[PDB]
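Engineer: The residues making up each chain are set out below.
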Amino acid sequence: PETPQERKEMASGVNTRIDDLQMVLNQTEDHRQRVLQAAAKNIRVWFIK
Amino acid sequence: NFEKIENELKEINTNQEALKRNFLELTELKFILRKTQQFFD
Amino acid sequence: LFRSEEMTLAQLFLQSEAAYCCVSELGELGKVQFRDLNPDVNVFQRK
Amino acid sequence: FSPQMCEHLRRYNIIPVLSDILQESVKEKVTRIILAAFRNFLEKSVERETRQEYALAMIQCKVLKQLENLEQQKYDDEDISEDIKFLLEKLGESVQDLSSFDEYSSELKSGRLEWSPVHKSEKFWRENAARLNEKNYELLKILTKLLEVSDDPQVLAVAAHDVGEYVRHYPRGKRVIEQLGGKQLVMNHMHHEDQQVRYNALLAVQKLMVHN
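Chains as they are written, first to last, in the entry's author numbering: chain A, 248 to 296; chain B, 100 to 140; chain C, 4 to 50; chain D, 234 to 445.
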């Protein structure tokens with residue numbers, strides 16, 4: 248930023264963006280593991296079928 | 100039934116291998132706004 | 004059991020509708036050896 | 234065969250039960266007339282109300298996707314081998330016709346528009362990259378207007394699919410939702426109890442921030 252009091256707007260801009268970027272990475276992991284809670288179930292019959 | 104499972108874990112995993120990089124580039128941006136502020140002061 | 008077996012060459016007549024389901028019930032039994040009726044055919048066009 | 238009888242029998246559950254026999258197709262003569270009856274039902278109908286027999290028949294049932302693998306088989310009757318190409322030029326035209334900006338406008342303005350192939354098609358989102366811009370940003374401001382005042386027990390996921398696909402194809406559209414506050418909306422609706430609206434809102438907020 249090269250200036251004072253505009254990095255304060257920047258560092259609080261990355262502070263809220265990381266929060267919205269970590270709240271999706273915690274939500275996609277337990278959704279992908281909710282896929283493999285159901286889709287990894289019954290794979291052996293699907294190989295046989 | 101299978102194209103749902105095929106396209107989900109193909110879209111999510113390539114999202115995860117891209118959104119981790121977008122996240123790991125941003126935390127080293129959040130620290131170098133924090134480190135140079137106290138260094139300037 | 005000191006001799007081998009007694010086979011048959013039985014001939015199936017499977018209709019159009021019951022062509023999957025009878026061979027499927029032949030798969031659970033599993034004492035049937037299928038002979039290749041069409042040897043001189045390429046890997047496609049096999050219906 | 235008579236066109237006056239086509240709109241007389243349409244006050245019934247005719248085509249969806251006729252699609253439920255087409256999935257069995259065990260006798261191979263039961264479905265050989267059903268593919269022929271659908272051509273006779275549409276071609277011998279001199280009106281424009283075959284679009285009602287598009288919105289009921291094939292875009293809401295598993296019969297449009299069944300025409301492809303019925304073509305890929307080696308059918309012997311020459312009247313069915315011409316019937317599969319006659320229904321594809323019919324139905325291919327129908328998918329194309331189905332996707333149009335005006336129709337989409339009705340869907341988010343007249344509202345209550347569901348999981349039709351107007352959202353699922355890439356050919357929809359391919360052309361209208363600036364249609365959300367051409368309505369002076371109000372087109373981006375009326376989809377979210379229905380998302381925030383209403384609970385939408387089923388259709389909440391549909392407009393969340395509308396925003397997630399649009400910000401993928403247009404990178405400047407993410408700044409519109411950042412001034413609008415619709416980013417906070419999809420962070421709330423992703424915690425909802427229904428797995429159909431929770432996943433698509435999860436699919437939307439992972440598409441809003443693809444590059445930062």
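Read the hints as simulated data drawn from the structure, not as lab findings.
Watch out, some of these pointers could steer you wrong.
[Unchecked claim] Computed list of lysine to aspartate or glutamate pairs in EDC-like fashion (alpha-carbon distance at most 20 angstroms, straight line): (1) D:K353 - B:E105; (2) D:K342 - D:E381; (3) B:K134 - A:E256; (4) C:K50 - D:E340; (5) B:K119 - A:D277; (6) D:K262 - D:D309; (7) D:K262 - C:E8; (8) A:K296 - B:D140; (9) B:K109 - A:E256; (10) B:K119 - A:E256; (11) D:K416 - A:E249; (12) D:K353 - B:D140; (13) D:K416 - A:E253; (14) C:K50 - D:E311; (15) B:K119 - A:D267; (16) D:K318 - B:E102; (17) B:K103 - D:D427; (18) D:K323 - D:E381; (19) D:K407 - A:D266; (20) C:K50 - D:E261; (21) A:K296 - B:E105; (22) B:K129 - A:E256; (23) A:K296 - C:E9; (24) B:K103 - D:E355; (25) C:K50 - D:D310; (26) A:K288 - B:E107; (27) A:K296 - C:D39; (28) B:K119 - A:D266; (29) D:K356 - D:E340; (30) B:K109 - D:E301; (31) B:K129 - A:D266; (32) D:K307 - C:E31; (33) D:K342 - D:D310; (34) D:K298 - D:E280; (35) D:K368 - D:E398; (36) A:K255 - B:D140; (37) B:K103 - A:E276; (38) B:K103 - A:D266.
Engineer: Compare the structure with each hint and give your call.
Structural biologist: We went through each hint and held it up to the structure:
no., hint, in the structure
1, D:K353 - B:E105, "17 angstroms, holds"
2, D:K342 - D:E381, "14 angstroms, holds"
3, B:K134 - A:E256, "15 angstroms, holds"
4, C:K50 - D:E340, "45 angstroms, violated"
5, B:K119 - A:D277, "15 angstroms, holds"
6, D:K262 - D:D309, "12 angstroms, holds"
7, D:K262 - C:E8, "43 angstroms, violated"
8, A:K296 - B:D140, "69 angstroms, violated"
9, B:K109 - A:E256, "37 angstroms, violated"
10, B:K119 - A:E256, "24 angstroms, violated"
11, D:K416 - A:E249, "30 angstroms, violated"
12, D:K353 - B:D140, "54 angstroms, violated"
13, D:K416 - A:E253, "24 angstroms, violated"
14, C:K50 - D:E311, "17 angstroms, holds"
15, B:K119 - A:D267, "13 angstroms, holds"
16, D:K318 - B:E102, "26 angstroms, violated"
17, B:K103 - D:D427, "18 angstroms, holds"
18, D:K323 - D:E381, "39 angstroms, violated"
19, D:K407 - A:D266, "17 angstroms, holds"
20, C:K50 - D:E261, "15 angstroms, holds"
21, A:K296 - B:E105, "17 angstroms, holds"
22, B:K129 - A:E256, "12 angstroms, holds"
23, A:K296 - C:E9, "33 angstroms, violated"
24, B:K103 - D:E355, "17 angstroms, holds"
25, C:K50 - D:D310, "14 angstroms, holds"
26, A:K288 - B:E107, "16 angstroms, holds"
27, A:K296 - C:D39, "25 angstroms, violated"
28, B:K119 - A:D266, "14 angstroms, holds"
29, D:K356 - D:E340, "17 angstroms, holds"
30, B:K109 - D:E301, "24 angstroms, violated"
31, B:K129 - A:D266, "12 angstroms, holds"
32, D:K307 - C:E31, "29 angstroms, violated"
33, D:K342 - D:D310, "48 angstroms, violated"
34, D:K298 - D:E280, "26 angstroms, violated"
35, D:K368 - D:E398, "18 angstroms, holds"
36, A:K255 - B:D140, "13 angstroms, holds"
37, B:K103 - A:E276, "17 angstroms, holds"
38, B:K103 - A:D266, "29 angstroms, violated"
The structure fails hints 4, 7, 8, 9, 10, 11, 12, 13, 16, 18, 23, 27, 30, 32, 33, 34, 38 (numbered hints given earlier, in ascending order).
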